[PDB]
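J.: Each chain, letter by letter, is given below.
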Amino acid sequence: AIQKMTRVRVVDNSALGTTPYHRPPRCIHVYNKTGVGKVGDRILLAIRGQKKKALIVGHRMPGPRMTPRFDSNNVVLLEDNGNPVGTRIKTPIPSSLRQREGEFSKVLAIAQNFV
Amino acid sequence: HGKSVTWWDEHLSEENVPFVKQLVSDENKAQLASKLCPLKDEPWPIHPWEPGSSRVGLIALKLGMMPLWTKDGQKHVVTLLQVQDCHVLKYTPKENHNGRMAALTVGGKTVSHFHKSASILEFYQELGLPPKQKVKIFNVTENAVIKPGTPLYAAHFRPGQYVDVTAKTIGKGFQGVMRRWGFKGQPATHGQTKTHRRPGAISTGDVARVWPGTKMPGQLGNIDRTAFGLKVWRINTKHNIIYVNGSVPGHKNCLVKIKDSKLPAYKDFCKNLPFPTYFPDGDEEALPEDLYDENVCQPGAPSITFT
Amino acid sequence: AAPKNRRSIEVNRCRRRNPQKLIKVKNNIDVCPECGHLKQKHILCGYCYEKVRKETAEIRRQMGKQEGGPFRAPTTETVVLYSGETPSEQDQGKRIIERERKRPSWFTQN
Amino acid sequence: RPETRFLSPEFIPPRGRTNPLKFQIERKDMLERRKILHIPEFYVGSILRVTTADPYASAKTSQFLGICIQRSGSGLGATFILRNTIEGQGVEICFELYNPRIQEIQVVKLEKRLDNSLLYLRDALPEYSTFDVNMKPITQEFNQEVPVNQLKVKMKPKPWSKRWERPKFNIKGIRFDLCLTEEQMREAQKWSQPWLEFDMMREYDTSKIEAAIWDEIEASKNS
Amino acid sequence: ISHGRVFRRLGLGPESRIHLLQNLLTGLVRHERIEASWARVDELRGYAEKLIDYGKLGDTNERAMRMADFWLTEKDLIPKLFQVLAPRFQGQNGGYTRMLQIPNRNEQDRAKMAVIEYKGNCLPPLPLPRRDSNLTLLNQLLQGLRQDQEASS
RNA sequence: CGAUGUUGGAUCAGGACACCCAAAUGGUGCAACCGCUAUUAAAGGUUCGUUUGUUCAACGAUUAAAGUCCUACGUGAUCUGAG
Ligand SMILES: [Mg+2]
Ligand SMILES: [Mg+2]
Ligand SMILES: [Mg+2]
Ligand SMILES: [Mg+2]
Ligand SMILES: [Mg+2]
Ligand SMILES: [Mg+2]
Ligand SMILES: [Mg+2]
Ligand SMILES: [Mg+2]
Ligand SMILES: [Mg+2]
Ligand SMILES: [Mg+2]
Ligand SMILES: [Mg+2]
Ligand SMILES: [Mg+2]
Ligand SMILES: [Mg+2]
Ligand SMILES: [Mg+2]
Ligand SMILES: [Mg+2]
Ligand SMILES: [Mg+2]
Ligand SMILES: [Mg+2]
Ligand SMILES: [Mg+2]
Ligand SMILES: [Mg+2]
Ligand SMILES: [Mg+2]
Ligand SMILES: [Zn+2]
Numbered sequence: 031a032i033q034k035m036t037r038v039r040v041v042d043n044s045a046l047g048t049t050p051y052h053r054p055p056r057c058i059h060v061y062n063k064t065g066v067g068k069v070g071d072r073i074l075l076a077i078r079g080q081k082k083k084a085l086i087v088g089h090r091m092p093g094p095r096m097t098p099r100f101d102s103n104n105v106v107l108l109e110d111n112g113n114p115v116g117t118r119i120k121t122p123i124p125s126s127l128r129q130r131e132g133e134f135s136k137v138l139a140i141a142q143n144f145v
Numbered sequence: 042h043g044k045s046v047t048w049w050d051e052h053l054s055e056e057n058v059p060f061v062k063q064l065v066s067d068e069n070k071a072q073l074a075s076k077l078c079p080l081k082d083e084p085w086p087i088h089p090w091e092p093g094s095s096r097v098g099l100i101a102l103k104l105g106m107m108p109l110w111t112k113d114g115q116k117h118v119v120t121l122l123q124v125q126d127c128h129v130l131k132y133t134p135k136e137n138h139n140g141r142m143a144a145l146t147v148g149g150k151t152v153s154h155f156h157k158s159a160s161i162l163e164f165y166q167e168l169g170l171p172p173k174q175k176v177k178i179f180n181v182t183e184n185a186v187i188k189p190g191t192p193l194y195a196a197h198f199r200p201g202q203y204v205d206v207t208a209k210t211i212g213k214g215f216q217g218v219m220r221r222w223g224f225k226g227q228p229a230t231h232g233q234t235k236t237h238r239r240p241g242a243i244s245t246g247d248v249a250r251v252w253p254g255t256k257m258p259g260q261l262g263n264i265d266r267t268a269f270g271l272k273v274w275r276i277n278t279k280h281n282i283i284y285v286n287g288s289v290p291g292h293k294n295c296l297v298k299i300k301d302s303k304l305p306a307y308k309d310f311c312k313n314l315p316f317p318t319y320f321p322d323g324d325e326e327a328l329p330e331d332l333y334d335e336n337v338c339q340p341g342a343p344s345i346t347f348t
Numbered sequence: 079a080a081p082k083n084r085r086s087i088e089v090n091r092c093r094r095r096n097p098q099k100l101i102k103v104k105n106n107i108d109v110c111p112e113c114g115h116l117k118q119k120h121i122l123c124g125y126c127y128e129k130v131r132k133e134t135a136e137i138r139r140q141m142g143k144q145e146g147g148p149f150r151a152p153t154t155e156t157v158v159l160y161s162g163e164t165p166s167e168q169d170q171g172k173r174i175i176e177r178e179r180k181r182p183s184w185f186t187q188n
Numbered sequence: 070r071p072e073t074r075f076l077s078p079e080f081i082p083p084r085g086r087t088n089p090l091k092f093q094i095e096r097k098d099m100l101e102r103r104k105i106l107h108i109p110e111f112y113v114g115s116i117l118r119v120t121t122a123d124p125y126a127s128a129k130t131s132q133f134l135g136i137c138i139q140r141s142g143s144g145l146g147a148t149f150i151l152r153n154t155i156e157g158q159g160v161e162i163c164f165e166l167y168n169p170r171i172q173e174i175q176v177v178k179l180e181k182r183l184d185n186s187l188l189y190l191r192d193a194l195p196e197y198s199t200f201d202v203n204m205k206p207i208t209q210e211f212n213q214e215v216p217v218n219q220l221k222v223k224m225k226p227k228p229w230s231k232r233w234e235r236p237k238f239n240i241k242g243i244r245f246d247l248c249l250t251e252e253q254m255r256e257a258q259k260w261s262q263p264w265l266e267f268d269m270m271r272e273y274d275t276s277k278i279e280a281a282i283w284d285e286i287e288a289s290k291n292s
Numbered sequence: 009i010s011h012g013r014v015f016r017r018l019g020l021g022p023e024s025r026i027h028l029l030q031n032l033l034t035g036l037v038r039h040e041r042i043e044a045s046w047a048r049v050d051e052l053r054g055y056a057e058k059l060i061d062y063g064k065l066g067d068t069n070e071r072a073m074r075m076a077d078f079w080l081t082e083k084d085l086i087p088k089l090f091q092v093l094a095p096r097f098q099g100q101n102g103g104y105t106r107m108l109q110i111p112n113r114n115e116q117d118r119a120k121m122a123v124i125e126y127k128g129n130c131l132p133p134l135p136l137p138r139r140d141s142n143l144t145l146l147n148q149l150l151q152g153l154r155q156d157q158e159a160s161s
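Protein chains in written order, with the entry's author numbering: chain BO, 31 to 145; chain BE, 42 to 348; chain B5, 79 to 188; chain BT, 70 to 292; chain BR, 9 to 161.
You can trust all of the hints, since none of them are fake.
EDC-like cross-link-like pairs, simulated, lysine to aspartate or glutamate; straight-line CA separation at most 20 Å:
1) 279 (chain BE) x 126 (chain BE)
2) 97 (chain BT) x 330 (chain BE)
3) 104 (chain BT) x 330 (chain BE)
4) 177 (chain BE) x 126 (chain BE)
5) 104 (chain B5) x 51 (chain BE)
6) 64 (chain BR) x 268 (chain BT)
7) 83 (chain BR) x 145 (chain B5)
8) 62 (chain BE) x 158 (chain BR)
9) 119 (chain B5) x 50 (chain BE)
10) 83 (chain BO) x 109 (chain BO)
Everything labelled a hint here was simulated from the structure, so no lab data went into it.
Go ahead and model the full structure; you've got the sequences and the hints to work with.
T.: Below is the structure:
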């Protein structure tokens, strides 16, 4: 349950992701019709005084059984084409993501650990 | 004459109460097991299946809910409906009821004799059944008609099918506008006085009255609704239990009315079903303990491995 | 909100002589086979229960005299006796209350 | 060596007025399931590894290892939660015991801890949430009677996911002397409801039911 | 919505309810017969039935002792529970208590009143309702039926 | 004028159609995708935020769309009181 004005943790290695800033990266607008984001959902993100798009990787809110539930709200910085702007993603990721290949292909390619 | 109130128990001694109870229960056993053999008595003529036909229904008892799994991996939740004692009671012909379809009146589970009324007890007396708790009326095409006094079992529905379940919903009593309708309230904190729930404006300035449909506080929930398009998954033949899909309106342990789905997409499904109804007598072959749908993972099984 | 007009006496008679505001006649009254007073069928007889209450009180008084204080209650069962009675072998080893009145008709010896 | 029967907690039916038949049915089915998949004895705090059927992985099997945080459910629906940290990411999964997607359950460590449920490992220092993914199973003699590990835990600074200091929780597993002021401990005690322990009527009885369903289990082994 | 709520609300809150039942219980164990508000007596009856089953558990059981400690207020009674009440209920599983409706209180609040009692106490017996005798006309007509259920078997 | 308590919000909306979306079509300086026009249709819809007391307005992000109005500039014996 990520929604407007949530503070999120950028998982991948990135220019924007890693480098510090005074304001934590915030969620502006989720691209679902319900205002609520879940795993494998697009997001608009305000980071370092600019907007970038993100993909929700994992979140603290419970979900269907046998789905992983995470201790932080995790995102992957993402461009307009669906191209991950990170080189690789260390922290673990839902296996359920592999259900959608079409969109998440290039993002799942750089993922290390699946849980 | 000031005639005093009286109940069944009142004048009996401590000796005769167990006796009367024995008397009644024993004649109940006799009566139920007597009508246990429908096909050898005087069965009404059985007709073959016509295309626009519709079957009798059942009166079941909502047990509880259970999870169930499908071979694709998905989880479902199901409602157990046990058929307890279910008999067709009377038959109203086509021209005497709707002028379109005939009506069969079906009884629900057995109740005590003592707490019904002279009229009703007479109605069952001439029948030879014990009194039923609930009684509903089913619309039936005249080729589907059965003989009053006939048992109905859970096998009447085959796994994979769709049904309609009607019952009284859970009574939530006199309710506010937020629970009954789903109005937002007014904000809690910002200086609102005594308003945090109330309906707000109920009408227009000029109209000078409040319209008849106007949503307002009032009774919620003891009332009849119907669930449609319910898949039936599994049938337990020993205890007469139907496993239907999802939630069925009413409280658990309440009586319920099942029939085939009248939804359009399922209209002609009836042809493959045991029709006038099911008859455990006639086939002279037992059914398995359980009948399942082909997508259902069974209580014992290979324990699915994707490949 | 203030009433716009006085309610007429006809209207008001309609409200308060309505069947639903009338006292409803109780049909469960009967006579107690014992004293022949009145009782509802689902309730103990007031009169008889008063006999029992008085006697209970007297017994408790006199078993308050046998207890020298607030917190002393016997560690044994007790039995109540009347004029011209003696504890049975089954009833001995128990606290004994001796009352002056002859044993009441309703009260059995047990 | 004296043997006290261990009953998997999901054979205990809930307290509601639900018809006793439903439970008989459910139990027949989960006993049917127990013949295929072997479900071990275990408690909260014991460490398990679970093998799953996953369509989307390369090997269709998916292993997960973690401590059991809580068991809850009843009948077919009963679940357990496994907690483990990977790379610094805390992760929990909630498994349904009787789900056919579960291949094998393996107890790597049989253990009790001081509390019937520890969800508070969410708020503890990460060590207590971490275990080696490959760590090998460890075996015991029964007469050790499922050893109760007594370990108090260190906490992150408040706030916590829940208030664990409150009497409703009954947590001996936390080390509170290091975390809290004496004043906060008097504060937590204003929520104490002493009378609850002596409430009699509030207490749920089992033993007749358990005798019954144990009888049922034996009758399931025989056939 | 009150669905499946077993306990009624009394007193100043949940705790006050427990202490109300405390006093009522203590009163019942001391005097063995008491009369109170029909609702409160009904509420009590459960606890008064379970207390005897904690008494059956014996003096030595610790749980039963701190249970009887909390519930019985005047400590003097705790022996009487274990050494008088609990022994005289041995055979019977649940039959400990008799609860009857008394006529409404004669005070102006006109309450609904009950008497509650431990069976086998030493007191003048309550005027219980008696069933009709067997000699009564209708029962005599039933005896016929019975003797013909014997004759036909 | 021996009182018909007034702006904007909240709540709940009733209605019109001079239609913003959804449906069916005519014309195009309509190839296709977009559009621009006109006809018919009012059952159902018509977002979330930054600043303003604000209605308007500007701006951020969106939406199938973020309609124009009437109802004592609907609605204070339901609320608000910034103006
Ligand atoms: Mg800036
Ligand atoms: Mg209700
Ligand atoms: Mg609110
Ligand atoms: Mg104010
Ligand atoms: Mg005020
Ligand atoms: Mg308030
Ligand atoms: Mg008018
Ligand atoms: Mg929280
Ligand atoms: Mg009160
Ligand atoms: Mg004026
Ligand atoms: Mg005037
Ligand atoms: Mg409207
Ligand atoms: Mg028009
Ligand atoms: Mg259009
Ligand atoms: Mg409209
Ligand atoms: Mg104007
Ligand atoms: Mg206005
Ligand atoms: Mg205003
Ligand atoms: Mg006001
Ligand atoms: Mg007004
Ligand atoms: Zn009398």
